[PDB]
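Engineer: Here are the chains, one letter per residue:
Number of protein chains: 2
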Amino acid sequence: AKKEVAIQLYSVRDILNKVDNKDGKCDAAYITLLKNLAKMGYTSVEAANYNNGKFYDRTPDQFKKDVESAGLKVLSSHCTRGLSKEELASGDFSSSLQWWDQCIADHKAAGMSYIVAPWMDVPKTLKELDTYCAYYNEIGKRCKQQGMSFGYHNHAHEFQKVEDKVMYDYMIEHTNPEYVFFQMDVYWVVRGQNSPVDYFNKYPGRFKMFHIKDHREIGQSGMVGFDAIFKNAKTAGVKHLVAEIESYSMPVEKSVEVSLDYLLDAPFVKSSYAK
Amino acid sequence: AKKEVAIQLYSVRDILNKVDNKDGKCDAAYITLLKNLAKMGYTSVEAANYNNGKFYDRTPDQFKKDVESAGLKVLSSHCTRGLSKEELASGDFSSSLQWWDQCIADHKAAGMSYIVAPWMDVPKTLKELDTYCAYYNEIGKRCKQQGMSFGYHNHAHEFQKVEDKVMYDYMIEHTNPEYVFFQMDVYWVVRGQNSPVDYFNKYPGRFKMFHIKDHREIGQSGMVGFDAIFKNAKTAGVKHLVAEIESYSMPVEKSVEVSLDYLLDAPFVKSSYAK
Ligand SMILES: O=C1[C@H](O)CO[C@@H](CO)[C@@H]1O
Ligand SMILES: O=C1[C@H](O)CO[C@@H](CO)[C@@H]1O
Ligand SMILES: [Co+2]
Ligand SMILES: [Co+2]
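Heads up: the sequence lines are chains U and Y, in that order.
Read left to right, the first sequence gives residues 280 to 554 (the numbering used here).
Read left to right, the second sequence gives residues 280 to 554 (the numbering used here).
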């Protein structure tokens with residue numbers, strides 16, 4: 280069964296952390312990995328390495344060619360830059376936006392459709408969280424001006440309160456839906472004691488990507504109600520699914536492949552969310 | 280689709296807490312409730328009220344007749360009695376076992392197949408937890424001598440450590456499988472940050488009943504991977520499913536019925552676990 284599913288490359292970090300694309304080289308193990316991921320049936324990647332204008336020590340144009348030639352789309356990337364104490368205090372985030380301009384140019388050239396902040400710290404005050412919301416709106420606008428969408432990926436910590444407000448809820452309510460979506464990591468929502476579906480119903484259309492992760496292999500633990508999540512996918516607004524596997528019951532590549540196979544065999548997972 | 284599913288009567292406590300079966304009466308609202316639960320398609324009940332030799336102010340023989348005449352089996356009951364500081368210190372739990380003798384006689388007469396302790400406190404030491412394990416073994420033996428099985432129902436607190444050992448694991452490892460099973464409340468395992476399936480694989484056959492609960496209606500939240508749980512049901516050793524619904528999106532009776540309908544429509548829920 281062919282379905283659109285991205286792989287978060289963090290899932291294969293054990294291979295990718297050791298590949299040597301420095302000093303003009305292209306590591307055959309890097310290319311082989313990409314080709315194997317396509318052969319498993321992944322349709323696209325989400326990067327988890329962006330540093331010094333490069334993805335896994337490849338220029339954006341190289342990364343594009345590498346991924347596309349393996350039969351994969353360049354879908355998304357996890358990267359962000361936090362605000363300085365200064366920026367937070369002044370609310371002036373010019374400095375940080377300059378970095379984003381370079382980040383965004385690089386992502387565009389790699390053929391990315393999305394850029395997603397993986398993490399932010401729980402701030403001390405709602406005022407700080409507010410500044411972050413404004414910064415994300417502006418990053419998101421710049422992404423759109425360069426053909427891409429910006430989103431925010433959660434763990435569990437966002438379900439805590441800042442002053443007396445749940446951080447996640449506040450972030451959703453104070454970001455412009457045109458410019459910021461939420462890449463809901465459903466596993467982490469459940470770990471954070473919350474209901475993916477209730478979030479979908481309360482903020483329909485904001486969850487344009489899912490991170491589909493589990494305790495180990497996807498769909499194995501009993502810890503994530505994928506069936507209910509997918510049944511409510513229309514309300515969520517999801518357009519792409521990103522599989523992530525960071526902890527394993529078996530060899531990594533095999534783990535990543537059986538994880539996919541869960542989604543391909545699941546009758547409630549449609550073959551595309553972007554038709 | 281007919282399947283065997285019990286209803287935990289705690290789910291309809293709002294009705295049952297107000298019914299008047301005192302002074303020789305049989306409340307028509309009580310009987311109607313039972314009949315409605317059968318009409319929804321529940322096949323059996325698990326009681327959540329045992330006090331003064333009675334179930335909802337009915338003698339065991341009356342309760343049996345009440346439930347059975349509505350078209351339901353009397354499957355199980357939630358009740359327990361904790362040990363005194365004395366009993367824990369001496370390790371002599373005669374006093375408590377006397378109560379259990381009466382409890383067990385009453386359960387037998389009601390036609391019960393199972394008796395399940397709903398709750399115990401996290402003890403201070405492994406020595407206390409040990410005494411509890413021995414007490415449960417002896418309760419369980421008495422239950423078997425009277426034709427029934429004793430089990431232990433979890434929330435999330437059992438996933439904490441006592442000295443340096445997870446309480447749940449210790450309880451499982453230090454109880455006799457003949458005499459104590461675990462009524463795994465899969466929702467609470469997941470809330471307690473753990474994997475139902477991993478518990479099944481680590482302690483196959485110990486989980487002879489499931490409590491099938493969710494945040495509100497069963498199967499609605501995204502918070503419980505029922506599909507994976509049920510796929511691994513053989514390893515668990517489950518023989519009966521008990522639906523519980525304690526928090527509602529709609530009127531109680533309707534909530535309880537749509538909760539069931541999730542299981543009846545779920546292809547991974549078999550029509551019986553006791554064939
Ligand atoms: O799921 C994960 C990790 O839990 C950490 O955050 C994300 C950043 O790449 C990643 O995909
Ligand atoms: O699920 C529940 C509650 O969460 C409390 O424990 C059980 C006792 O009847 C009940 O079925
Ligand atoms: Co993730
Ligand atoms: Co329960």
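Fair warning: there could be bad hints in the mix.
Pairs involving identical chains hold if they fit within one copy or between any two copies, as the list cannot separate such chains.
Dumping the calculated BS3-like pairs for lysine-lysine here, alpha-carbon to alpha-carbon at most 30 Å [stated by the list, open to error]:
1. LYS352 to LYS364
2. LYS344 to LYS420
3. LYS554 to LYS304
4. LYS282 to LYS549
5. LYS513 to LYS549
6. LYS549 to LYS510
7. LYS423 to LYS533
It should be emphasised that the hints constitute simulated quantities derived from the structure, not laboratory data.
Engineer: It remains to establish, for every hint, whether it holds in the given structure.
Structural biologist: Now for the hints, and whether the structure bears them out:
1. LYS352 to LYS364: Classified as neither: same-chain Cα gap 38 Å, cross-chain 65 Å, threshold 30 Å.
2. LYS344 to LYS420: within (27 Å within a copy, 69 Å between copies)
3. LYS554 to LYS304: neither (38 Å within a copy, 63 Å between copies)
4. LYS282 to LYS549: Result: close both inside a copy and across copies, 7 Å intra and 28 Å inter.
5. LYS513 to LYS549: both (11 Å within a copy, 29 Å between copies)
6. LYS549 to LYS510: both (10 Å within a copy, 21 Å between copies)
7. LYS423 to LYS533: For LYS423 and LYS533, the Cα distance exceeds 30 Å both inside one copy (37 Å) and across copies (46 Å).
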